[PDB]
Amino acid sequence: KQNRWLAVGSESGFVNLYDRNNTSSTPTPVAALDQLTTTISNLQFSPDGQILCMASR
Amino acid sequence: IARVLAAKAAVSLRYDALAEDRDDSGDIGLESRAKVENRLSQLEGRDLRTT
Amino acid sequence: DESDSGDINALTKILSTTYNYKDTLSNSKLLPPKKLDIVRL
Amino acid sequence: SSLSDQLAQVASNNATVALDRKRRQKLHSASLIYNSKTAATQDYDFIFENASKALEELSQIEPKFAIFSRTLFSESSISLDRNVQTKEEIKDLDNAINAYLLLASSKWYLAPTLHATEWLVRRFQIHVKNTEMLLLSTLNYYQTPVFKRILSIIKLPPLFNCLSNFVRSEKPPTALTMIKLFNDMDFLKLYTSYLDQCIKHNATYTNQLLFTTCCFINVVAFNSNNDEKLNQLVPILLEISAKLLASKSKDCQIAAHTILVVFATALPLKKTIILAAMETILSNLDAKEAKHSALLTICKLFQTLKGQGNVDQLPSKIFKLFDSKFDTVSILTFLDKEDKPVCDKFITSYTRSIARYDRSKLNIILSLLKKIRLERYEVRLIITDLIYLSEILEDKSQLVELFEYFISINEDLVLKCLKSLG
Amino acid sequence: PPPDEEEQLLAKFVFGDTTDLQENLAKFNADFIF
Amino acid sequence: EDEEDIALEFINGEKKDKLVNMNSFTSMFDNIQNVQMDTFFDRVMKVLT
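Residue numbers (the deposited numbering), protein chains in the order written: chain A, 477 to 498, 501 to 535; chain B, 359 to 409; chain C, 180 to 184, 203 to 238; chain D, 2 to 423; chain E, 13 to 46; chain F, 848 to 896.
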């Protein structure tokens with residue numbers, strides 16, 4: 477099955493989340511999660527794609 | 359409010375002076391005015407005295 | 180003075214019968230937004 | 002209990018007896034128009050004269066005030082003292098006063114209400130006895146100067162404790178504290194009873210509904226994190242919404258729509274509650290402005306449903322009611338406008354309802370599907386039913402056209418339904 | 013003979029009767045006013 | 848096909864909705880004067896959307 481979500485971490489702690497389902503040279507992220515303050519080290523989705531677990535080491 | 363208003367004043371002022379094709383409408387000020395009023399209402403809404 | 184012996206008062210009646218007003222999350226396949234039901238092992 | 006505590010209770014009960022001159026000075030000095038020094042010098046005849054003129058002006062604005070000229074603003078009321086009256090007579094007096102506060106609730110902006118009300122403040126001491134009713138009627142004018150004067154001359158009940166600090170204070174009470182007062186559950190029951198009386202009497206006005214709705218909406222916002230406290234709010238505020246929908250006044254109905262929506266998004270509810278909620282919305286839906294707001298509420302409520310049967314068809318009784326209050330052309334206009342909110346789940350339940358109960362609208366189903374894009378599962382459910390229709394219902398030109406529509410869009414999914422069914 | 017209505021009004025003001033007022037308070041039922 | 852794919856096809860069916868927080872309607876009090884009820888109800892919808 478195709479993935480409908482994509483997450484991109486960052487050293488600053490921001491996590492940009494894209495809706496893969498909906501193309502352009504510049505797509506807008508659906509949300510910009512910034513609760514964490516340190517470098518993002520693990521980005522994992524639940525098998526059903528309903529939970530994103532972002533952790534910093 | 360003096361700090362907030364002055365900061366928005368510079369933004370509205372710079373757009374007035376350095377804009378090559380400024381429309382004589384004041385839209386940047388009007389939206390800027392809305393932000394300051396919103397800050398004012400929230401700032402005034404807070405009460406120091408315990409309820 | 181009182182005896183029991203679209204009708205507007207349907208909403209009032211359904212509140213009386215039901216005590217738990219939240220839909221049971223067991224049937225729903227979609228997890229709740231803000232509360233996570235997590236237990237440690 | 003200490004002797005002091007019991008005497009304090011005795012002091013409260015005799016607050017308005019006017020035993021000695023000093024007690025008379027405090028009680029008679031309380032005023033809404035005059036300062037303390039001038040107030041003490043005045044006489045009951047002088048106060049009644051101004052009020053009698055004031056009530057006449059109010060009667061011109063609204064004829065209903067003229068009745069109180071017979072009971073509360075009569076010349077004989079000057080000699081009427083509440084303390085010497087028996088318990089039965091006081092209750093009769095309180096009913097008349099409570100009725101007046103409802104009429105005056107909407108006219109506080111007019112000066113004469115301040116002069117008409119001064120007679121009750123001085124003569125009947127409502128600010129000490131009927132303090133709860135006075136505050137509730139003037140609750141929505143909290144930013145006005147008149148509310149400040151009321152707070153100065155009034156002893157606060159236990160439930161209005163949040164307003165204590167703003168007693169004799171330069172600043173008026175803030176909107177945030179008004180939320181805190183409504184947050185208390187006992188106050189909500191108190192306000193609900195007061196709001197119920199207004200609905201019975203058709204005494205409501207726009208400013209009251211606007212203010213009442215906001216505090217109710219804000220209260221849910223403040224308790225959004227607490228699911229348990231939300232569960233306690235559902236019996237009260239939904240019960241209010243049922244009463245508001247009963248009012249023939251359109252403004253009351255729109256407030257119920259505003260209140261109902263926030264709960265559904267704030268709290269998921271059983272489909273039985275949502276179904277019952279619609280029936281009350283549609284039972285008394287007559288005003289056009291209510292009809293617009295209602296239809297927005299109906300779609301929003303379904304969108305919150307997230308359980309099995311999320312998009313199942315409406316019950317037969319509910320569907321007939323919805324069609325009567327909303328013709329197909331009306332919804333085709335609703336789907337027409339570009340700014341339509343997400344309503345696909347309702348349209349799916351509505352779409353499946355059409356097939357089950359009406360065969361003539363099957364052409365309408367084709368039009369609806371084009372206007373709004375349905376989500377993958379919702380399309381699958383519709384195809385599943387229309388397959389059943391073909392076997393039971395006679396094959397029709399419109400029926401095959403709906404299939405042909407699905408042939409054009411996502412032909413593969415049409416096979417999948419056919420494979421699973423036949 | 014019983015008093016005339018005019019006498020009843022004058023008797024009310026002279027003696028300051030409040031029974032006419034108190035009766036209306038009991039008869040006061042909120043719905044009619046609205 | 849299978850039953851699970853139907854269940855997953857339902858999960859993809861969800862579309863995001865704006866949750867209600869504490870500081871979502873507090874601004875309503877500011878502009879609650881001299882406004883018709885319908886226009887107010889629209890503002891509630893707008894913040895909810």
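Just to be clear, a hint being listed does not mean it is correct.
Said to hold, decoys possible - Calculated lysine-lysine pairs in the DSSO-like style (CA-CA distance at most 27 Å, straight line):
#	chain 1	residue 1	chain 2	residue 2
1	D	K244	D	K272
2	D	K307	D	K271
3	D	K201	E	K39
4	F	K893	D	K307
5	D	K272	C	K226
6	D	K88	D	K201
7	C	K226	D	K201
8	F	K865	C	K232
9	F	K865	C	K210
10	C	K210	D	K251
11	D	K190	C	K210
12	D	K181	C	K232
13	D	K181	F	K863
14	D	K362	D	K338
15	D	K318	D	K362
16	F	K863	D	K251
17	D	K371	D	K397
18	D	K92	E	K24
19	D	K420	A	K477
20	D	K201	D	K27
21	D	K271	F	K862
22	D	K181	D	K272
23	B	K393	F	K865
24	F	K862	C	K226
25	D	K172	F	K862
26	B	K393	D	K181
27	D	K338	F	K863
28	D	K172	F	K863
29	C	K210	D	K341
These are computed hints drawn from the structure, not numbers from a lab.
Of all the hints numbered above, which does this structure not satisfy? Sort the numbers upward.
7, 9, 13, 16, 20, 22, 25, 28, 29
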